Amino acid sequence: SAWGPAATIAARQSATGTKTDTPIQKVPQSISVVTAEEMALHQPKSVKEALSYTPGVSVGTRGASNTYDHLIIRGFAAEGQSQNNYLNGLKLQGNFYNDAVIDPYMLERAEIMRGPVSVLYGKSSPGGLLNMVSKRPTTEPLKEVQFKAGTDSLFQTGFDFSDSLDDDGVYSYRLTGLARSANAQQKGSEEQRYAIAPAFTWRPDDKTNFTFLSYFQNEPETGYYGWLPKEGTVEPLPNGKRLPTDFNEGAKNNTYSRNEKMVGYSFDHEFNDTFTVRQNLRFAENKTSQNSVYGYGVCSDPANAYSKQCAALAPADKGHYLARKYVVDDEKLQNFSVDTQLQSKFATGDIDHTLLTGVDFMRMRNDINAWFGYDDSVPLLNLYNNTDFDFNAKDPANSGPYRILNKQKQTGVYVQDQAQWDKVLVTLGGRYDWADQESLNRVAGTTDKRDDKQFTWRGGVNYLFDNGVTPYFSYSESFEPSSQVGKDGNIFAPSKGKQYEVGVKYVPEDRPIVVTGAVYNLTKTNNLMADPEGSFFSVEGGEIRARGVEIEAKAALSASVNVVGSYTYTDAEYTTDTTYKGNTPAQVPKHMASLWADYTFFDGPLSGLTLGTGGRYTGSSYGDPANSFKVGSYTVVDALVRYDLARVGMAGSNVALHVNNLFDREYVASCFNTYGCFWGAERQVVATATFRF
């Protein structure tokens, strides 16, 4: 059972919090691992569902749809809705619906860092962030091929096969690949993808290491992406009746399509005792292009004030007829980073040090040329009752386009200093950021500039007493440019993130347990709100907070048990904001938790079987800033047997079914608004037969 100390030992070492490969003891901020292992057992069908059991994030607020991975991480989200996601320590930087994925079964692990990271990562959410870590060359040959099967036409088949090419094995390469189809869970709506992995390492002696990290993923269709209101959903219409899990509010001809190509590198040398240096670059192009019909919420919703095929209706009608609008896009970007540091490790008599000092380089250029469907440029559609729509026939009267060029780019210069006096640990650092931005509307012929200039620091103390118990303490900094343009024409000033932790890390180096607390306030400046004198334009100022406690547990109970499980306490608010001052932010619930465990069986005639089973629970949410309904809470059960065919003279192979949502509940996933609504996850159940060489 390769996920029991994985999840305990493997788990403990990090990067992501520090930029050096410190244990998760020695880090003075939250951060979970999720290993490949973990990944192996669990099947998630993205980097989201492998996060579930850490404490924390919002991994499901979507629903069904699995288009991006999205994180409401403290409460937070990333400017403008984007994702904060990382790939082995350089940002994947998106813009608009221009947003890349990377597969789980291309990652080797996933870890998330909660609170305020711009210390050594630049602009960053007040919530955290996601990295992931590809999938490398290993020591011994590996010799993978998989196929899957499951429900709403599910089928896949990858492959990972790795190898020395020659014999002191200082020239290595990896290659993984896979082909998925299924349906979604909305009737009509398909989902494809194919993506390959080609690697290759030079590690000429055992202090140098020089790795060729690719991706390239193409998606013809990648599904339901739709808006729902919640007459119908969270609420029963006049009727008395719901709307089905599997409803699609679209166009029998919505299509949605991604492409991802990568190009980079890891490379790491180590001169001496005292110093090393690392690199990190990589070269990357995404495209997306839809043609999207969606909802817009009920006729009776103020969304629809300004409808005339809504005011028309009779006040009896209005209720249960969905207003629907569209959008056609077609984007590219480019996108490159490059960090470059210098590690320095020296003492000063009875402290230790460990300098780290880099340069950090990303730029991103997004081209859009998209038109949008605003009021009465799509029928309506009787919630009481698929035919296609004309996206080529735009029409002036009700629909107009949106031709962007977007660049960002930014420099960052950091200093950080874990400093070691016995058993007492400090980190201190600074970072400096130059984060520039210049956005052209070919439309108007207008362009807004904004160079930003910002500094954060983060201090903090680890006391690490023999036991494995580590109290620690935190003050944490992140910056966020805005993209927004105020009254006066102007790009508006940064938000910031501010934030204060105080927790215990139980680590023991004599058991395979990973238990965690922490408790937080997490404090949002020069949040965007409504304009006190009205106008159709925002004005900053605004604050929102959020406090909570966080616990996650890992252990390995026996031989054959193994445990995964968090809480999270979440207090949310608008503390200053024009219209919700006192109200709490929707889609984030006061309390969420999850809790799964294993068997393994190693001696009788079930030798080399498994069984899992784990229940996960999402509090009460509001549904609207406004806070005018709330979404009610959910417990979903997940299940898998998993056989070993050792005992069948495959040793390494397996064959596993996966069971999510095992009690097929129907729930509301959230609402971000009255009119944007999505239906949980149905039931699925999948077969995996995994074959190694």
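For clarity, a rigid core is taken as the largest C-alpha set superposing within 1.5 Å between two forms. Numbering follows the first chain given and starts at 1. What changes on going to the form deposited in another entry:
Taking the rigid core as fixed, one finds a CA shift for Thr8 of 2 Å or more between these two forms.
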Second form
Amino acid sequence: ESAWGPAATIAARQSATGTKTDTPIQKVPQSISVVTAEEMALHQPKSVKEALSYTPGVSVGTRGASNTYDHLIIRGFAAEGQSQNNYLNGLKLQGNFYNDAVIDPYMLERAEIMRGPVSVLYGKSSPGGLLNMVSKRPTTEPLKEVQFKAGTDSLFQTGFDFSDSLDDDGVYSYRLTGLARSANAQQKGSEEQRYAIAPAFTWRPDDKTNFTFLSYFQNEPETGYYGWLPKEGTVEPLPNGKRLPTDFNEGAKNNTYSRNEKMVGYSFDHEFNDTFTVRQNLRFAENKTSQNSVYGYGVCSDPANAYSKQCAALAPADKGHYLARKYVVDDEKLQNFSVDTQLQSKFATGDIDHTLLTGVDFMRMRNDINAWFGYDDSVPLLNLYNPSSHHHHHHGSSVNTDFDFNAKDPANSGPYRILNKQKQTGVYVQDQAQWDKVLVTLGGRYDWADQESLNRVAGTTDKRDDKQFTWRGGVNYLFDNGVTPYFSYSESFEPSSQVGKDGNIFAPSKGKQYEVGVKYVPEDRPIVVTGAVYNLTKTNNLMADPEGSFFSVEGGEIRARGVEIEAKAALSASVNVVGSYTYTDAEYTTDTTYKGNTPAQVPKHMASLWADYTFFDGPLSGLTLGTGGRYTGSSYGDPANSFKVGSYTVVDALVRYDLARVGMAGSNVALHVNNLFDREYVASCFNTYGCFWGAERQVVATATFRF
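After the form deposited in one PDB entry, can we look at the form deposited in another entry?
Lone chain follows.
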């Protein structure tokens, strides 16, 4: 098993996103999870987001039923500005504003998650949090796969995955993966459209040299729903005592959202001799996205709408059941270049073996934003009264009316046009020195993160050049019966894009984490079990001005201490089990307005358990039956901890049948169901006017053939 390849079992022993060198999990001084292709091909996730429903320390409901972005909250933290923090092949997919890229899981070999500070190897990043996806590479043996999906809400997906060798020596091999997916969003009027293709080329001139070309091209005409719903009508009842239905949509009938992705790059490694090996990863991508979206703000009786004219002009007792809305028109285009070059030197020092990693990482991102935002009264109000029993059960919500978007009244709307530039360069050194059973991992990295923002309207230009250093040290007492105790200190840094009162760009916030735990990686049985307890602190978090002044102020602090236990196994040739528990104590340590309060959208308790049985026996030979559930404790729906989103428990099921009994061994047909008990829940609220209905039970039938 290679950190950059398949795992054979639901349990991956090898990973390289934690130390940038192919290391076995037990030897990694940090909480690392790995969701293999197998596991993913088990639930047929819609996005890498869903593919993470069972991993501990990651909420995936930050946006409810919506999938526009694989935005995650890890260990109670996320990137600033609703941005993502996702890596693809050890390189970051640096996004900006609404321009953030996604990779379809069907194109991944595995999706890894690294918890806690990760700057020691990746540069600027949101504390405690990082997702690293691995492109599918050319396979060792022929692969001619064709897959067909069909599910609820008009879901239709047709995709292929072919990999072969051009020569009988395997010096030349490829892999072409693509898919065409179409579906209706949970919210009436909204659609989901995707076309993706990933071309890979691997050149192995010998057994010590590999250069694999990695490209990805994707087109999405419409990305689906991405709107906000009030706590009143979702979490809490509306005055009349009813609630907006889970399929309710508050946007224009002509709301539109598109994203365009294009990328070329490569992964290269070369072993010069018994001590020196070099590997370099490079990628270039130009990404576009645009939208015409009318989103809802809060109900008229919501503080946010305090200054709303359309709202104020209502009977004081009606403000509580009328929805106020705004809108945005956006169109962006960004390019991002990335290359990481590293050198791995293997040498000893009498009983002390060394694995020295030293490399230089570079990246630049440019994004051009040309958009328009509607402010108060920019769009008609909405009477939430209508959504009743005719809109619930019998049929459902109804699409509203069109909106202008064009003719932006200089009154209720204005222009937004920015040119954001980002540059980062870092050099790092790490060493995994094993002195028999005692593995010590230590290393660090220095960074040159420079940003430059141009406001095409104000004709302004804000700049900032950061120079940050981070290191990480850890110890793993490699036992022999499997158990592996480990502890480690880690650091991170995340620059700010916000400008203070002094007209200058804020300084970067920082992450510090203390984690200790044990990992059981038995060498005989294919089972992995890890548990960990940590104390992660984000510092210099921006907070309200002590003297309220529109401008924020740095110096705030947030602490997240919690426990995480995960377990994936192969208890049998017919038994597989995935399970995890997550305890999260996230609290505002220092903050002008909030404090003691816990950040919104982050539950205290989380747990998930899953298992599947397979048959090779009786009449049910080739049958795989699996079910499971995911637990999401209660959470706060706003910074003020004003209200709370209730806990919920969703169940997933799986019936898989091997088609061997039709001469099609290898292939198979399966039925997947998410939220079996079609539970109605509110995933979360980032504020009183920003709540998201969870996903209504979905059902998918999949036919995946192997020629």
